[PDB]
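Some chains have been omitted; the remaining ones sit where they do in the full complex.
Residue numbering begins at 1 within each chain, and the chains themselves are lettered A, B and C in the order written.
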Amino acid sequence: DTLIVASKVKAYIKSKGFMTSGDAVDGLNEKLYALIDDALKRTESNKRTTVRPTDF
Amino acid sequence: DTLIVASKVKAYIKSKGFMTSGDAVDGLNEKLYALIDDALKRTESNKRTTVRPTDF
Amino acid sequence: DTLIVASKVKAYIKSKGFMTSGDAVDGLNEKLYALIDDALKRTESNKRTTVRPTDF
């Protein structure tokens, strides 16, 4: 499932004077899943069941 | 601006047995902006203005 | 100060069939300082004074 709002990612990239390839947002979606999986490991390592912003 | 679908991020975290704090999605959003800023630097370093999935 | 063992980073890169530019290890040193600074924020966020491997 896509967790990313493609239009908002493309908008931010455009605001900096860059373009986005057709498959760029797919790559970022993969990185986002990795960031979350890493955060869950940190949450568990601190004996918590609630993910906090500082866990990412 | 939010780059993610909060409901889908919270759902994925719940599917792994975890809850999400009120500001956890905001933390992930901040990390995503940092990942994009890093990617723009990599795009420019390869004499491109089109961001590719491999730049993230 | 350099926190990286340049010879061991270059060795690992060589083992994968790649070469290392003259200024590559400097870039990785900068990323390492960022990783540590992020980890210290996570340590403090969990009311600890001792950095753990899971904080990185």
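Methods note: a contact is a pair of C-beta atoms (placed from the backbone, for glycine too) under 8 Å apart; a residue touches a chain by one contact, two chains touch by 3 or more.
Participant: Counting all identical protein chains, and not just the 3 shown, how many does the complete complex contain?
Facilitator: 4
The criterion applied here is as follows: only the chains that are shown with their structure count from here on.
Participant: Go ahead and note the Å separation of the Cα centroids belonging to subunit B and subunit C.
Facilitator: Computed from C-alpha means, the inter-chain centre distance equals 21 Å.
Participant: As a quick test, compute the distance in whole Å between the mean CA positions of subunit A and subunit B.
Facilitator: Centre-to-centre distance between subunit A and subunit B: 2 Å.
Participant: Could you pull out which subunit B residues touch subunit A in their complex?
Facilitator: 1-5, 8-9, 12-13, 16-21, 23-24, 26-28, 30-33, 35-36, 39-40, 43, 49-56
Participant: Touching residues of subunit C toward subunit A in the complex: what are they?
Facilitator: 41-42, 45-46, 52, 54-55
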